[PDB]
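Q: Each chain, written out:
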Amino acid sequence: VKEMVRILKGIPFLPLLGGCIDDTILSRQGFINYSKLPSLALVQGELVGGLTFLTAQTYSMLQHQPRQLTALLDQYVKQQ
Amino acid sequence: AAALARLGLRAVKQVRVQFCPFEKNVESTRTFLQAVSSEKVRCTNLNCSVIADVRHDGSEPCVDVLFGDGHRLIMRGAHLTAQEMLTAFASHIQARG
Amino acid sequence: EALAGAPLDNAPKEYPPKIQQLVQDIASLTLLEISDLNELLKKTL
Amino acid sequence: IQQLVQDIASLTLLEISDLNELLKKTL
Amino acid sequence: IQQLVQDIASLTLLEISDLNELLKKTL
Amino acid sequence: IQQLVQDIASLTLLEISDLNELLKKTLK
Amino acid sequence: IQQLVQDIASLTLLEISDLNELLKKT
Amino acid sequence: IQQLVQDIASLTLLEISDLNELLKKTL
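Chains as they are written, first to last, in PDB author numbering: chain BP, 161 to 240; chain Bb, 2 to 98; chain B1, 10 to 54; chain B2, 64 to 90; chain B4, 64 to 90; chain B3, 64 to 91; chain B6, 64 to 89; chain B5, 64 to 90.
Hints should not be assumed to be uniformly reliable.
Said to hold, decoys possible - Taking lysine-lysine pairs in the DSS-like style, the calculated list, with each CA pair at most 30 Å apart, reads: (1) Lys87 (chain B6) / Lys87 (chain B4); (2) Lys169 (chain BP) / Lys88 (chain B5); (3) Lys52 (chain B1) / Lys22 (chain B1); (4) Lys238 (chain BP) / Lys88 (chain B2); (5) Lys87 (chain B3) / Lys87 (chain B5); (6) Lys52 (chain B1) / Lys27 (chain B1); (7) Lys22 (chain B1) / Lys88 (chain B3); (8) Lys88 (chain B4) / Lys196 (chain BP); (9) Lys196 (chain BP) / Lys51 (chain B1); (10) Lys25 (chain Bb) / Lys22 (chain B1); (11) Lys27 (chain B1) / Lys88 (chain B3); (12) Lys87 (chain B3) / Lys88 (chain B5); (13) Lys238 (chain BP) / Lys196 (chain BP); (14) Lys88 (chain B3) / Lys87 (chain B2); (15) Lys25 (chain Bb) / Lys41 (chain Bb); (16) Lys27 (chain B1) / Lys88 (chain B2); (17) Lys169 (chain BP) / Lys196 (chain BP); (18) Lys87 (chain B4) / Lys88 (chain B3); (19) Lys22 (chain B1) / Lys87 (chain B3); (20) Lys169 (chain BP) / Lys27 (chain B1); (21) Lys91 (chain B3) / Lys22 (chain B1); (22) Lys169 (chain BP) / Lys87 (chain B6); (23) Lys88 (chain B5) / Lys88 (chain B3); (24) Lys162 (chain BP) / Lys51 (chain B1).
Hints are computed from structural coordinates only; laboratory data are not their basis.
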């Protein structure tokens with residue numbers, strides 16, 4: 161609908177009442193939100209990122225403890 | 002629609018239509034929108050912008066017009082019929098012009 | 010059958026129940042099953 | 064697990080995104 | 064070392080998520 | 064959760080890096 | 064320099080947590 | 064840890080820079 165709403169918004173007097181997309185009824189605002197929404201490949205590709213984010217966040221936080229000392233050591237060099 | 006074309010819509014600045022298509026008392030507003038947005042009415046002033054606002058839970062079908070003189074005609078059409086809305090719009094054009 | 014009621018943005022507060030039960034089902038799995046779930050999703054997607 | 068894969072692929076863009084938004088709010 | 068990995072692997076999503084929150088509060 | 068924090072807190076930095084690598088090796 | 068590295072690695076995370084806290088206060 | 068604080072603050076820029084390189088390689 162990204163290329164469909166653009167045509168609709170090019171003429172200010174052609175209302176978009178609603179409709180059903182894949183057995184799901186939407187309003188005009190739902191269509192607008194659906195338009196700004198990414199595709200299946202992008203959304204599913206980011207789905208695995210969020211599910212594995214919990215493990216990734218745990219590893220980053222555990223590895224952050226040695227990095228805290230390095231940042232403080234680098235900060236001291238920045239001071240002097 | 003034919004009535005508006007003969008009456009000179011050139012003196013109308015801006016028209017907006019705010020309605021909820023999923024409601025039951027918005028049929029009158031739909032007919033008013035189609036009459037004022039007809040091809041004949043459009044070809045009278047190529048500066049007038051007709052806005053078709055669409056909501057779902059607004060629950061207030063309304064039409065707002067601004068004339069050249071500077072008056073603000075706003076009629077909330079929920080119980081009014083299509084003929085009543087158009088006739089009032091036509092009457093104000095002659096008085097304010 | 011029948012379709013949904015098409016909720017609006019004026020009072021959007023009711024999320025689908027199918028998503029909620031999927032969250033509970035996912036949360037009811039061990040970390041070993043998390044890796045199994047992730048690897049299968051990565052292989053398929 | 065396997066049924067989860069089949070369901071999410073059958074879901075629409077909104078249904079997966081609403082799933083992700085609730086996952087973001089929960090996790 | 065290995066026992067800790069097994070114990071972490073024996074927890075659910077909510078327990079692990081709350082475990083990370085406490086680590087964020089501590090470190 | 065609380066017991067894990069105490070148990071991890073008793074390990075040296077070398078073991079902390081060893082367990083972090085194992086978690087990256089296992090889950091990644 | 065090598066002795067300092069060995070001493071740091073020989074401590075637990077609780078001991079380095081207070082070590083970092085004093086260094087953060089500068 | 065107090066002795067470590069004194070030793071760390073008593074080193075020059077290059078020695079502290081060398082500390083970062085060793086810590087990154089070790090950890």
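Q: Each of the hints needs a verdict: does it hold here or not?
A: A quick look at each hint next to the structure:
1. For the hint pairing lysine 87 (chain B6) with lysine 87 (chain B4), the CA-to-CA distance comes to about 17 Å; that is within 30 Å, so the pair holds.
2. Straight-line distance between C-alpha atoms of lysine 169 (chain BP) and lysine 88 (chain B5) comes to about 58 Å, which puts the hinted pair past the 30 Å bound.
3. The suggested pairing of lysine 52 (chain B1) with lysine 22 (chain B1) is violated, with an alpha-carbon distance near 35 Å, which exceeds 30 Å.
4. At most 30 Å may separate the alpha-carbon atoms for a hinted pair to count; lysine 238 (chain BP) and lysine 88 (chain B2) exceed this at roughly 39 Å.
5. Of the pairs offered as hints, the one joining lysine 87 (chain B3) and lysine 87 (chain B5) holds, with about 17 Å between alpha carbons and a cut-off of 30 Å not exceeded.
6. Of the supplied pair hints, the one linking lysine 52 (chain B1) and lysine 27 (chain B1) holds, its CA atoms being roughly 24 Å apart against a limit of 30 Å.
7. Using a Cα cut-off of 30 Å, the hinted pair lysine 22 (chain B1) and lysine 88 (chain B3) is violated, with the two alpha carbons roughly 42 Å apart.
8. At roughly 36 Å between alpha-carbon atoms, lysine 88 (chain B4) and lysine 196 (chain BP) are farther apart than 30 Å, so this suggested pair is violated.
9. Under the criterion of a C-alpha separation no larger than 30 Å, the hint pairing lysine 196 (chain BP) with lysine 51 (chain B1) is consistent with the structure, at around 25 Å.
10. Straight-line distance between C-alpha atoms of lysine 25 (chain Bb) and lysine 22 (chain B1) comes to about 23 Å, which keeps the hinted pair within the 30 Å bound.
11. Taking the CA atoms of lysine 27 (chain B1) and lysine 88 (chain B3), the gap is near 34 Å; set against the 30 Å cutoff, the hint is violated.
12. Simply put, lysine 87 (chain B3) and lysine 88 (chain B5) have alpha-carbon atoms about 17 Å apart, close enough for the 30 Å limit, and the pair holds.
13. At most 30 Å may separate the alpha-carbon atoms for a hinted pair to count; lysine 238 (chain BP) and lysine 196 (chain BP) exceed this at roughly 44 Å.
14. This hinted pair checks out: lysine 88 (chain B3) and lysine 87 (chain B2) have alpha carbons roughly 26 Å apart, not beyond 30 Å.
15. With a C-alpha separation of about 29 Å, the suggested pair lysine 25 (chain Bb) and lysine 41 (chain Bb) falls inside the 30 Å cut-off, and the hint holds.
16. Note on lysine 27 (chain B1) and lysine 88 (chain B2): the hinted pairing holds, with a Cα-Cα distance of about 16 Å set against a maximum of 30 Å.
17. Restraint check for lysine 169 (chain BP) and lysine 196 (chain BP): the C-alpha separation of about 15 Å stays at or below 30 Å, so the hint holds.
18. Of the pairs offered as hints, the one joining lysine 87 (chain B4) and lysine 88 (chain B3) holds, with about 23 Å between alpha carbons and a cut-off of 30 Å not exceeded.
19. Only pairs whose Cα atoms come within 30 Å are accepted, and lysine 22 (chain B1) paired with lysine 87 (chain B3) is rejected, the gap being roughly 39 Å.
20. With a C-alpha separation of about 34 Å, the suggested pairing of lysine 169 (chain BP) with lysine 27 (chain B1) is violated against the 30 Å cut-off.
21. Straight-line distance between C-alpha atoms of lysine 91 (chain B3) and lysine 22 (chain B1) comes to about 36 Å, which puts the hinted pair past the 30 Å bound.
22. Under the criterion of a C-alpha separation no larger than 30 Å, the hint pairing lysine 169 (chain BP) with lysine 87 (chain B6) is inconsistent with the structure, at around 55 Å.
23. For a cut-off of 30 Å, the pair hint linking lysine 88 (chain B5) to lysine 88 (chain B3) stands: about 18 Å separates their Cα positions.
24. Using a Cα cut-off of 30 Å, the hinted pair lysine 162 (chain BP) and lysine 51 (chain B1) holds, with the two alpha carbons roughly 28 Å apart.
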